[PDB]
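Generate coordinates for the entire structure from the input sequences, incorporating the hints supplied.
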Amino acid sequence: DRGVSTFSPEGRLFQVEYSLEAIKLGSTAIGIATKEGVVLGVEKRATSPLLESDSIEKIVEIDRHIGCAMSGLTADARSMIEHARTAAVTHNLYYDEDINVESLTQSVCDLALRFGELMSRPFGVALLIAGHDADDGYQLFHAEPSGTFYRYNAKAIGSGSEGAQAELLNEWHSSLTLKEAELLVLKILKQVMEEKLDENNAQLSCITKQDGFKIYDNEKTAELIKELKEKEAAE
Amino acid sequence: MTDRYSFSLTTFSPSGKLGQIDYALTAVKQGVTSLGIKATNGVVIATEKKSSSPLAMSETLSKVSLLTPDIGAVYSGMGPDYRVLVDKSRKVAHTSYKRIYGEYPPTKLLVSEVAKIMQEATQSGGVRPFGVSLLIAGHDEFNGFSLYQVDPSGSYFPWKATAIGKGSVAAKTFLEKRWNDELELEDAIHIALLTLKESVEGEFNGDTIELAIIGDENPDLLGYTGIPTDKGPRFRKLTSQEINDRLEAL
Amino acid sequence: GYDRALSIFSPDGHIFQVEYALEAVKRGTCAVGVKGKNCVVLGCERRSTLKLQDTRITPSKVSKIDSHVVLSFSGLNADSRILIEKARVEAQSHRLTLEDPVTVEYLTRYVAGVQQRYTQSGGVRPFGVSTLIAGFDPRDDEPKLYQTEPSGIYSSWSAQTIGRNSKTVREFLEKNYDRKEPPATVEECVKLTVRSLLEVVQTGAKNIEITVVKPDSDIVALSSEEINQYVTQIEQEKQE
Amino acid sequence: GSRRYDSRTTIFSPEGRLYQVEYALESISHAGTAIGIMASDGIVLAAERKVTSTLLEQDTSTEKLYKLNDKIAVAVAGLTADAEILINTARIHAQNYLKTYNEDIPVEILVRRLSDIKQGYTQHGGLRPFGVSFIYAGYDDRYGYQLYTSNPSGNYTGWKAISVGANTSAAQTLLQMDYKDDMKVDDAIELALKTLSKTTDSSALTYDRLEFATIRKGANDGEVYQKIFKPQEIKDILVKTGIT
Amino acid sequence: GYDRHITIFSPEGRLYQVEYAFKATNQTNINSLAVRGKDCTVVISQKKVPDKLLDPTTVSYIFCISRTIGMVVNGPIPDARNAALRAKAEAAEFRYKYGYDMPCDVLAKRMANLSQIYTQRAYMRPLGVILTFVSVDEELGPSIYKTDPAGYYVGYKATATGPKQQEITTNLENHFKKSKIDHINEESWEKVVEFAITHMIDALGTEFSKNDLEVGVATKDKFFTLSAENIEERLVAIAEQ
Amino acid sequence: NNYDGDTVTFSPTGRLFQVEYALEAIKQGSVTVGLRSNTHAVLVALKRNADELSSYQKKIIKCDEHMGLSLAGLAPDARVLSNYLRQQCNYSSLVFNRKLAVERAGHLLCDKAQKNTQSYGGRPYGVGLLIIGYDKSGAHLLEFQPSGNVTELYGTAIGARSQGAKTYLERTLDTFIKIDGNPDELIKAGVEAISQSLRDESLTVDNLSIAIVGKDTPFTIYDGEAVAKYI
Amino acid sequence: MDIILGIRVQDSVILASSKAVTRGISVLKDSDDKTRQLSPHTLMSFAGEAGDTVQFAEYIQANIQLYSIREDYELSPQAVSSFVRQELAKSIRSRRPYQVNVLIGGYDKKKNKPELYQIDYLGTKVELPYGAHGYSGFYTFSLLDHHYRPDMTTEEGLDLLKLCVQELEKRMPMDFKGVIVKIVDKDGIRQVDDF
Amino acid sequence: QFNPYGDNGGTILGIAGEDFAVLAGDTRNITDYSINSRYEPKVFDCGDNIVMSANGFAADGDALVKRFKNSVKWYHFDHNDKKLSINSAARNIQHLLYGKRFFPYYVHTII
Amino acid sequence: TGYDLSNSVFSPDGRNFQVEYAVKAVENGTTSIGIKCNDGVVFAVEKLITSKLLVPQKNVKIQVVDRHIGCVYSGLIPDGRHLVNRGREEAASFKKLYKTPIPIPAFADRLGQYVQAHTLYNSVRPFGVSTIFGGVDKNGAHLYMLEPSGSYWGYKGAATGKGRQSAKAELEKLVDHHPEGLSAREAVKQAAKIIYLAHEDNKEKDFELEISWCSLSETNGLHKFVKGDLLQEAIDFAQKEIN
Ligand SMILES: [Cl-]
Ligand SMILES: [Mg+2]
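Residue numbers (the entry's author numbering), protein chains in the order written: chain D, 1 to 117, 125 to 242; chain A, 1 to 250; chain C, 1 to 240; chain B, 1 to 244; chain G, 2 to 242; chain E, 3 to 233; chain J, 1 to 195; chain L, 1 to 111; chain F, 2 to 244.
Just so you know, these hints were derived from the structure itself, not from any lab. There may be inaccurate statements among the hints.
Here are the computed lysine-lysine pairs in the DSS-like style, where the Cα-Cα straight-line distance is at most 30 Å [what the hints assert, rightly or not]:
{"id": "1", "chain 1": "G", "residue 1": "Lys-89", "chain 2": "A", "residue 2": "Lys-88"}
{"id": "2", "chain 1": "A", "residue 1": "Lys-237", "chain 2": "G", "residue 2": "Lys-110"}
{"id": "3", "chain 1": "J", "residue 1": "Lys-111", "chain 2": "B", "residue 2": "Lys-184"}
{"id": "4", "chain 1": "A", "residue 1": "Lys-108", "chain 2": "B", "residue 2": "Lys-50"}
{"id": "5", "chain 1": "F", "residue 1": "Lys-204", "chain 2": "F", "residue 2": "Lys-62"}
{"id": "6", "chain 1": "C", "residue 1": "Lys-51", "chain 2": "B", "residue 2": "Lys-99"}
{"id": "7", "chain 1": "G", "residue 1": "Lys-49", "chain 2": "A", "residue 2": "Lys-50"}
{"id": "8", "chain 1": "F", "residue 1": "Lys-139", "chain 2": "F", "residue 2": "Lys-228"}
{"id": "9", "chain 1": "J", "residue 1": "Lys-186", "chain 2": "J", "residue 2": "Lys-170"}
Put into structure tokens, the structure is as follows:
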């Protein structure tokens, strides 16, 4: 057939580029960073109404100061999350401190290109890693299966990403509050989702310095959805 | 500097055939004729010494090989494949039997070990099957005299008499007419020489024919005296002169 | 060792070996899971091409992983044994170190993780198996039903079906299963499970197997005559 | 490198089938028929040899019926050399179980182990599968008399009566017609031979073509006896049932 | 047609890579000959130095494997040297393990077994060489044993290898048909070398200078190669009768 | 064509296509410039962003107090190779109490890249590196290509549109080599050189990345408002 | 761990095991159950080196419970005892052997018979009408040689066991803090709460 | 028998003030009754405003300091030139020491 | 067809096409030569000045093995370095076990067997260099040239790379006109001339000359680079002969 680590004539790894296509088929995930916190939201996308939607775990804790959202082949993310959790706890054991968000992201990204003929293929999932540390403050990172990561003020991944990213381009400013960022994630998710957005098929979360990483209750998200509908109807 | 062939080179085709085994059997068909006949008081195995050049000393190339003192082997197919199988067969007779039980293996179990080695070359990574069929003749105390065929697949069958290689179809028919359950060893040698003459083109004598027997114990060939239980090898390779004597009464 | 990458990405972002493993699941006999208010029922199809079988000794379709958790499946039978063995070993290992039996979610997450590993390891193909894992957590009366598939994704289901003609039975369950009020009793839950299998099976009672799991390690398999009574009652009500 | 020459023996087709397993089953369909029939007081194993030659030494020959221990036997359909690799592994597993628990291995446990070995060759290692199907005939004190079959996929199932190898479709129809649950060993012997007699590709069924065996709990004082039939004994049972 | 790229059977029962290795044997366009005397074994080979920039003393296809065993190769020099180094190592290891000098025929068998493995195992290619081993064995006397890329080997009364092997072979065949003996009935090795050169001249139809030939001689307890001046002495004696 | 499936295969004209395809990944990467005098050595790098919300990808990596590089191509491969350089610099210090020579550092990178081009299964590195340093024989600049070829130079550039900067340096050779004991003027010449490879975009405060090493100057990276001076 | 006793009567097996856990100078606990249920009709008591005892017992328990799930069947006491013996016989030639002695009391549901197996740390197995490990047997075997009959009831077995414990409380130097008693019969395993 | 340990003597002293800290050590190095050196530095600046001394067997002491200095270097590389805090340095040193739990560094360390 | 896609496959000719393709990489490289003299050997190489930005005298191509052997090569430069690294390991293990420095014929076979091994398997690629090497040992001076196949011979003069035919012609004249032999200092001058004459094949870009030598009288049998006045004297001699 052909090598798994083969370069194309344009200078790209075939398998990495093909894994990026798998990520485009995944459900939408959006992250927005502010000076009051970082918000992480996802489309759950249940395949049938009999599927108990609360069991769809696409937003995940890594440590108290670091959260994570995913998009693509979500089964592939489990070993990445396991590595991130171990790296976070291990660094606390060795250094008696919280691990930097950038360093954690870098550790996850070191796994990415360990494939060949090590694992047999790249990961088929992208991650939004959000967190806080004392040095660089509130941060959001986009971790790809290429091994590259970019920091972002705001970022969308998955099926509605290019449409969502253009919307984040206009809406984001440096003075955004946390409440404003929550509504903005819900707004953009509602725009790109196929099914109608409610508390059962979409999930919010955030990371603040005081309270750490929290996945929002369905009752709490429901109120923020009701608040969004009223403010859009207001003009 | 890596052996990356960890996968099978013999696989099933859509029709259920194992191609490499069939092709190995084709290589055996092209090979020179060899045969085996079982008598009441012995077994005979025989083949043609097809000399590659008249300058070559055909005595140095032994197609008929001693495996144990009571077991012998002959082949049809690829000679080098046979030679390494004889080396492995001799060794496995010691390692997996004599060093455990203090005695040589019975014919059927040595055959079984050779068969196993040939099966593994039909399934293991990065190898082709052996391109030979073997005829193994032997004696042991509890089973008596026996004759076995072993094919490239690892399959083996016991025979009263048979032939393999070039003219095996004709030779097997000739043996069906002549064989009976009351044959003495000398009668079986006579029938072996008659059968083999049909498949040989050129010269037919003791120098161009290789023949061995599994017969009576040969205390004169043992090399020592003083142990009553050790009576000598039952395997004996017939000399060039001994073959020519029987060709006059032919 | 044989290191060859069998599960790889294709230009359109698909892993064909994983998707072809789902086709093996589609071929397999139908399996269904329905959870009531205080029970879970696992229904399974037995194809009637095979008669002259010995039903005492033939491998049963529902397998106990521990005394409180069961696993049924659709797909390659031989593959399913490997997952069942690993799950049984992990169940005892969890009891040994945590001093507590596995939760149904934990056992599912383990089986799912094994399935995922076989989609990005060299020299191996994915499992041609999807599972339904059902039971009750220790000291808990809330019913649990999960599903896994060759890719390694897992999720919780009020009711679910897998295998051949699972599209049809999932259609049936989507209209007949009410979340606000599930099957209150064991009878109601078994009846709904048998009804859902009767959409596809197209034969009496020998082709249906039922296993009821209740809280506190109370697992029982129904006999032919017990199931045949449900089959009789369903069709007599249907004639109207 | 070496990738070029790899057949990839452990992959799915687009339809979700294992290529090599399916092709191995096609190989087995050409092998000599083997039949197993289970009765209330015993089990019968009957099998047809493939290589009819007058010069084959039959009384010392064994291609079909093999002993695994005193309580368990197998009938083979497929490559004999492949089967012997698996047979010797099964003989060892039985003795490992006896050494560990001081009890003879239950039939299903032995069958599962062999079936798991076959499964492994379809999922990993990049090697061809074993081109063998087994009929297992055995007894233990839990389930009594048992018949199983396994095939190259590693799947196994239990049976009251079953056939493997050639003409199984035809054979299984005939067995399904005449089999009854209250049947006995002597009747099952007759059924096995009659089924082979009709399905055989040969002109007539004779003693030199058959391997035959019984497992009876009709030994002296409630024990279980494995009888591998000799050539003369197969000839006698052919006259008795009225086939020759 | 991947059955022609690696060492697996073709439908005819053939190994094409083995056959193509046999063709690599003649790539050098050199002919070798070996004969046996009473007390000795002689091996001669053509020596061709086309480039004037080459150091002719380093151009050789005859190898001293051990004190008793010499080896001439027909085939490309890298594979020849591969085979030489292995044979040297095997001969030394044999002496260490079993306490006596490796016999010529046993070394030939060993190297032939190694060649067989390359015809059966896919990852190893055959060596594109024919190896002619010579000695005066302490049990068997003057000995010539030859190995090829099939893993075939046999003993020889005399032998020849190369593009024009058949012409040399028939010339030798016809001599032994007259004499009715398995060797050159001659006391000194010098006259056996003269026989070898003479019969190569007759068979190939070409004259030889001192620099056109390469000679190896096995006697009891040593194998040695002749210098250009030693060969010249041989050529003078042939011309003078 | 048929000879580009893996790195172990020569083409009929004696070419290694996988290595050449890896070389192509460098040309797609963002521009980076290297230059030196007798006293100092400078790296200048144009960092690339994904979009306006994203950060600009870091191009320069520190290897030791006296040595570091700039990258162009696959960043993860630059991380692997820079980590190897960090270790080799470190081994030299711990075992021999010796700062690793820049020339010897280049030789080590060459040999590491080579092994991936001759063996099956592996792939070539998909990145080019500009290594600067100050050792016992003064200032040095190296260019690394993943074919294995490493070259010592007065100045160079790699990446997209790098030919523009490379021509400027070829003209300026006699001027900038003489900028001794003046780091700001040497950086100016590097910033003016990288400007010749720009089209449409210009050098902003979070776009530009500069590094310097010299006689009494450790390897230090300047980003953000620290490079506003040079815009 | 100090005293473990076993006695096989007509229709049951009774195991008695001491409650004390002592480290050096102090008695750390006086209510320790030195036993594990391997299967519903098979109980294993144990004594030996600290740590090793529980680790070995729980390891055996896990393996028998694994077998029970896999086959949906209970192994006979004889089969469990043979498995345990092999594990100990393997252990004795290891880098660090298990220093654990055990009694296995089981009711064989097939044969309708109680069975008692005594196995030491070397893998020395014997089936016995009554058994003990350590210094206990120096006092208790002579008693049982006098008072034991094979046709005794479970109540008679418990009285005979009281006579063993009284003797051990009189003549042994260590305070073993009484015994937990467990009965294994056709109905399973139960603990005698007052002894 | 070979003894892998030795005693190089020496004495060290750490005192913490309100906005400062001192680490003092004598400069004498000895074996048995011989003086090896009258000035052999034992207290080291390790970077990030941390001073260290590992007194006892000097070869193990030098090895430990060398490994910690290297740990600071790699902490900078791996975590974006972040300053290693004294509490974090201490926890790192615990792992360096406990790594040789069954073949210890024969030293008493103060930072 | 398909016989050229995989290393170690014989074609129906009896050829290994992958090795022949490696030779094309060698033919594409710059010119390098070797001259055997009375008591030693001289090595020289053409270094193409791609740009003014290349630092003169810094990108050294000729490599030393042990202290007595010089190695130069044409083709893929990294493959040459890999081969010299192996050569250094082989020379070290020889000296470790046997004490004496590795003889030149012994060293030649160590490289030869290693290069030949990279024609035995499809999992590796052949070497894309031809290597000219030699020095002084106990038996005197030795010059060798080693090809991608593993093939090597001893030489009076050797040449490889793009200008090899031009160089070979010039070397052949020296062999005919000096049968009694050439001195070490003469061989340096002649080496400069031959590289300058061979530069007509790579005449687009200007070049830099690099020479090294081992000689019993002139360097005590050790490998040294020709530097300073002796290098300039050889350049002047070469410049005079072309004009
Ligand atoms: Cl050998
Ligand atoms: Mg091969």
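We went through each hint and held it up to the structure:
no. : hint                  : verdict
1   : G:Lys-89 x A:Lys-88   : holds (24 Å)
2   : A:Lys-237 x G:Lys-110 : holds (21 Å)
3   : J:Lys-111 x B:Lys-184 : holds (28 Å)
4   : A:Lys-108 x B:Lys-50  : holds (20 Å)
5   : F:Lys-204 x F:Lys-62  : holds (20 Å)
6   : C:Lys-51 x B:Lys-99   : violated (37 Å)
7   : G:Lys-49 x A:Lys-50   : violated (36 Å)
8   : F:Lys-139 x F:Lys-228 : holds (27 Å)
9   : J:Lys-186 x J:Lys-170 : violated (34 Å)
Hints 6, 7, 9 from the list above are not met by this structure, while the remaining hints are.
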